[PDB]
Amino acid sequence: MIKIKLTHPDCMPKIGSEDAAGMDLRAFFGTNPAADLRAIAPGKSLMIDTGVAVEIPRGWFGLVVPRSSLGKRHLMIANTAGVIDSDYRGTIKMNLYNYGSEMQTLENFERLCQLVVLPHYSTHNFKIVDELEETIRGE
Amino acid sequence: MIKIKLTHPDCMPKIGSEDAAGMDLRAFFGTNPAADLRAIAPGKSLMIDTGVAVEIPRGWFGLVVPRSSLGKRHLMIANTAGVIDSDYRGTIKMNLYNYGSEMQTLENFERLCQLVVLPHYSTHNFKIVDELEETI
Amino acid sequence: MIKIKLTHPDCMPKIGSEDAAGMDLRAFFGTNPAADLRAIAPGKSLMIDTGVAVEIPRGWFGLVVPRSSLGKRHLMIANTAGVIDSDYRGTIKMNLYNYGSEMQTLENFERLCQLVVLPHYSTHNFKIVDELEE
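Protein chains in written order, with the numbering used here: chain A, 552 to 690; chain B, 13 to 148; chain C, 409 to 542.
Treat the hints with care, since some could be wrong.
[What the hints assert, rightly or not] Below, in silico cross-link-like pairs of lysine-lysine (DSBU-like), each with a Cα-Cα straight-line distance of 30 Å or less:
#: 1; chain 1: B; residue 1: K26; chain 2: C; residue 2: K535
#: 2; chain 1: B; residue 1: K84; chain 2: C; residue 2: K501
#: 3; chain 1: A; residue 1: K623; chain 2: B; residue 2: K56
#: 4; chain 1: A; residue 1: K623; chain 2: A; residue 2: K595
#: 5; chain 1: A; residue 1: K565; chain 2: A; residue 2: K554
#: 6; chain 1: B; residue 1: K84; chain 2: C; residue 2: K480
[Said to hold, decoys possible] From the structure, some residues in chain A lie toward chain B, with a derived Cβ separation under 7 Å:
#: 7; residue: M552
#: 8; residue: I555
#: 9; residue: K565
#: 10; residue: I566
#: 11; residue: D570
#: 12; residue: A585
#: 13; residue: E606
#: 14; residue: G610
#: 15; residue: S619
#: 16; residue: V667
If you are wondering where the hints come from, they were derived from the structure by calculation, not from laboratory data.
Backbone N, C-alpha and C fix where the C-beta goes; we use that ideal spot for every residue, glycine too.
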């Protein structure tokens, strides 16, 4: 199981169908009255908290990518894609960058990125060698 | 298996060796349009049909990313990477954005993006908790 | 296991905790003192050799994405993300594009991208179908 800890109950990611690859992470601007909206100007970035901390199982990791709706807004994750290790315990942040020409305003709890949980090879299970075994593709 | 449905036979993804991570998806502008080349200006985007609809096995999903040759052309997917759920049944689209400084032209049936099919954890197998466990 | 061939010993990817999803690929500019620093101006790109060639097991592949810290530097992989097939035997390259407004400089052997090794479905295990099930 993925264990999920929420800063506020409304940070709960949007769960899709049984077949969904991912769950939608939402902006969390806080609970104060002024937390209703935040704006990202063209060429600027904003570190957005999701209010979601996760315990991903050992052997898996979290991939954070934009929702397709982010594409129309010309927003991207500044570091392209978030990689959430299974030992990470803080809340997931989305550092969103405005590569378009118009200012983008976001609502509190708006769905912005997908969290997909995938398996990975153990990064300690490697061996340094002097030559690798050749293949037709090679290069 | 990956079930592949083609709008036109020339939409067939380019499948490489047994060891290839992904298959190459192609632009689809129609059978034989007069405008077989479409230009994308700097700062502009173009929604491109691949002509490819897939059924991906349950427990897996499709990741759509540019081919490496798009890097030199300064084209990205507007939403960075496509996420194709295993219950998606339309054709895959590539919304390509020109982030560079010069016009780029795409050709009908040109290979543009890779479709890699990857496993994912069930998004329903979660539990909300009050506190997370520290790490072993 | 993953087999790794390094052009120079200092190219060794940064290995993290046992839980780490990936290992950090480093810039490899050479063995020079002339190789200490490179600059990438806004709107420009630099093809960066990692000095790292890998033999990834069959059934798996390598995904190369920026480190989190590249986001603050407004550097991206020009082709968004690297896809390393299990039969690729050259060294991994990072073609880094400066999409921001400020100058960036990178040091030799500085950690830049994450390499994550993940399974992929066999692209030969497909059927061409007349019409799909909805």
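Hint-by-hint comparison with the structure:
1. B/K26 to C/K535: 14 Å, holds
2. B/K84 to C/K501: 13 Å, holds
3. A/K623 to B/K56: 11 Å, holds
4. A/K623 to A/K595: Given that 30 Å is the threshold and the Cα spacing comes to 17 Å, the pair holds.
5. A/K565 to A/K554: Judged against 30 Å, a Cα distance of about 15 Å means the pair holds.
6. B/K84 to C/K480: 23 Å, holds
7. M552: Holds. Min distance 5 Å.
8. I555: 5 Å, holds
9. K565: Hint violated; A/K565 Cβ to chain B Cβ min 10 Å, cut 7 Å.
10. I566: 6 Å, holds
11. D570: 4 Å, holds
12. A585: 27 Å, violated
13. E606: 5 Å, holds
14. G610: With a closest approach of 10 Å, the A/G610 hint is violated.
15. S619: 5 Å, holds
16. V667: Where the cut-off is 7 Å and the nearest Cβ of chain B is about 5 Å from A/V667, the hint holds.
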